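Take a look at this one chain, the form deposited without this ligand, written out in structure tokens.
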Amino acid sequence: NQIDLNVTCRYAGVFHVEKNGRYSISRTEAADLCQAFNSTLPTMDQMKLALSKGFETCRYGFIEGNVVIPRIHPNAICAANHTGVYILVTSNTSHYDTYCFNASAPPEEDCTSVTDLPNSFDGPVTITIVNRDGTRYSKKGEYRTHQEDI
């Protein structure tokens, strides 16, 4: 019973989380997942400030109200070459990655690794945080509060 959470650098407290190496998070799961990192789904304003500090990914993820990809450099296979916070307009499907916002993180680029899941609750799942540099942190617990996400 294992969940892998790949996480990024934080930029003005905003970071990206990919679960089990594929688009697999619902909107309800995303809010609960960010809560386990003492975080919330970013507002569009929080995500735009993160973008301005150096944040970009090539993956769709939830923010408050939309599913987006922050882009700095145009890349044909990432948000169809767009720059800025690209907003997903048309999709048949409901599962993506998520972004999270932690107000206590540094104001600009923080590319240190994540070494905790501070607000997970008791549960049976081995949850592993995987950093981009491969370093890992694991803990037994649960973060999903909605049965349909389990």
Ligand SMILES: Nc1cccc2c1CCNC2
The other form holds:
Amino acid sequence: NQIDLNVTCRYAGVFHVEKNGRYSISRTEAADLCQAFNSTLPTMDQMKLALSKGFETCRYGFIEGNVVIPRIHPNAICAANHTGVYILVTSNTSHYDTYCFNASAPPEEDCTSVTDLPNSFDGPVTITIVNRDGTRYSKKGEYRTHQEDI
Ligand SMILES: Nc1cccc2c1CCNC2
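Given the form deposited without this ligand above, what does the protein look like in the form solved in complex with this ligand?
Complete assembly follows, chain above in first position.
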């Protein structure tokens, strides 16, 4: 009973989280996941500032109100060669990664590893934070508050 949370560097507080390295987070789960990180879904403005500090991914993830990909460099296989905060317009499906925003983070690029999920609650799941450099932190707990998400 195990969940990997793959996390990125923070840029102006904003970071990307993949559950098990595959699109698999609903909009309700995303809010709960950010909450467990003492974080919120970013606003578009917060995401634009993160972008300006060096944040890009090649993954769809929730922000507050939209599903987006932050892009600095044009890449044909990432948001169809767009740059800026690319907004997903048309999709059949409801599950993506998520972005989160932690106000207490440094103001620019923070590529130190994440070594806690400070606000997870008591639960049965072995949750493992996986950093991009492979550093891991695990704890037993839960973050999902919606039965539909479990
Ligand atoms: N950020 C991160 C950490 C561990 C694994 C993976 C990522 C993002 C890209 N997908 C794998």
